[PDB]
Amino acid sequence: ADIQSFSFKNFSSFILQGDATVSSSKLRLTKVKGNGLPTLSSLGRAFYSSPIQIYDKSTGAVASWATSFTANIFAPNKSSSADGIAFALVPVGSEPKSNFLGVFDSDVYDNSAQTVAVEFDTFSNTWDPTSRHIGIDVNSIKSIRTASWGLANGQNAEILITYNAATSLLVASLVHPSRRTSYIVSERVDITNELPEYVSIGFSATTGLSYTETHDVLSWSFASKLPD
Amino acid sequence: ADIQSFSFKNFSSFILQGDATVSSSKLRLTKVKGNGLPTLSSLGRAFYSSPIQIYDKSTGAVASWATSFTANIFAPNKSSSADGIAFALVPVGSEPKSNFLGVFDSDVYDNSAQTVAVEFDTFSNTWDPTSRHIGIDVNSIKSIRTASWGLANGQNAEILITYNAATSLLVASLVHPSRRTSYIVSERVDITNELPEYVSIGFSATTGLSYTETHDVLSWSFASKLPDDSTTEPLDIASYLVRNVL
Ligand SMILES: [Ca+2]
Ligand SMILES: [Ca+2]
Ligand SMILES: [Mn+2]
Ligand SMILES: [Mn+2]
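If you're matching them up, the sequences are chains A and B in order. For the first sequence, the residue numbers in UniProt numbering are 23 to 33, 36 to 123, 126 to 152, 154 to 237, 240 to 257. For the second sequence, the residue numbers in UniProt numbering are 23 to 33, 36 to 123, 126 to 152, 154 to 237, 240 to 275.
These aren't lab readings, by the way, just hints derived from the structure by calculation. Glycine included, every Cβ here is placed at the ideal spot set by N, Cα and C. Since no wrong hints were added, every one of them can be taken at face value.
Label-pair ranges, simulated between beta-carbon atoms:
#1 140/A x 133/B: 47 to 57 angstroms
#2 104/A x 156/B: 30 to 40 angstroms
#3 152/A x 84/B: 48 to 58 angstroms
#4 157/B x 150/A: 29 to 39 angstroms
#5 158/B x 175/A: 11 to 21 angstroms
So that you can see chain A by itself, here it is in the shape it has in the complex:
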């Protein structure tokens, strides 16, 4: 049984791409002006330095894992929030994608993407459902299951994602303690077909073009357990 875990409360163990930056001991994924306001046309991704193994081609074994983290998103003009943030598993060398939250290129299934992510969509792209949602994306910006999400502008969101290899079920939940609100989404996912043996875990967030908000991760914890 191979185990890999970590816990950060204060964010060089990360690989940053684009506007991704850490300051104030907190990961800030999208751009922010001197005044401290967001930025239009931004994109940033942050990934853990050491790659983790999802499954083993030989043994056939598949790891069950879990991850949690807290994040605050502030969008002046709540109604002009965009585009959102996502937790993802991408192929190692992976260079950013479309600005789609920087992880996908189209709303059409493309196994070649070898990318799976949990999105926290704040702007509804008329593939997207009518309101802010939590979605499970498998090789396409078109989620395979979504859930209504009451966004608490400025407030923190404590989220928890888990993947049970036995049931092949992936589950996610955002929770705003400020308002005692809670949400979940579940969905089977054949991880062996959607991704590589080894992937990179992390975050990716974008902002609008014409519509922006902040994307700051506050704490991050992770653990994976691969059998023989």
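Keeping the supplied structure of chain A fixed, place chain B with the ligands upon it in accordance with the hints.
The following block gives chain B with the ligands in isolation, referenced to the frame of chain A:
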């Protein structure tokens, strides 16, 4: 930092009350006939042998904790399901209560009860909301927040309860993998006012009088983390799970 944790996949580390029984390496809380069918007018509670400390009067510190477990509930005649099952924190010597799921006596707040529980109500007692729900009970069978729950008769339910001392927020979620269904309920809870420094954790389940189902716990995991300074530090679920649950 004082830590207490455990994990059971195969159920004498438990204190049983009433019809509570373990057989087939699985905790069976309500009665079952030879034929294997439920039983009317049943009640059973099961608790971990060692008591756990929720907070410290002196230090002022309050522990953040989490618990998970899998359970199957079968009720022939789905529409005649009753009464449900609950996870609870009760004062140590605690003898069972009303048959209310065996943990409360009235729908009126009574601090003297010093009991807090997460209910999985299957029969709607016209205090209860119209359909099966998940509720947070604080010293009363009248939940302080509830959530609609789609019951998968016979199928397993993987549940997870957590209490963040920093936010004083308590959260719960049942999940039926058979049907990829999920549910949550959240609610602030001033644990220091609702319970004793030391409590007993466990389960309690009842059945109807006139209406029954089975209440079998399959696996149980738990972890608590008490600090020294009033300063609270939520747990590591990311870890507590894979390591304990997955
Ligand atoms: Ca969108
Ligand atoms: Ca009831
Ligand atoms: Mn979407
Ligand atoms: Mn109720």
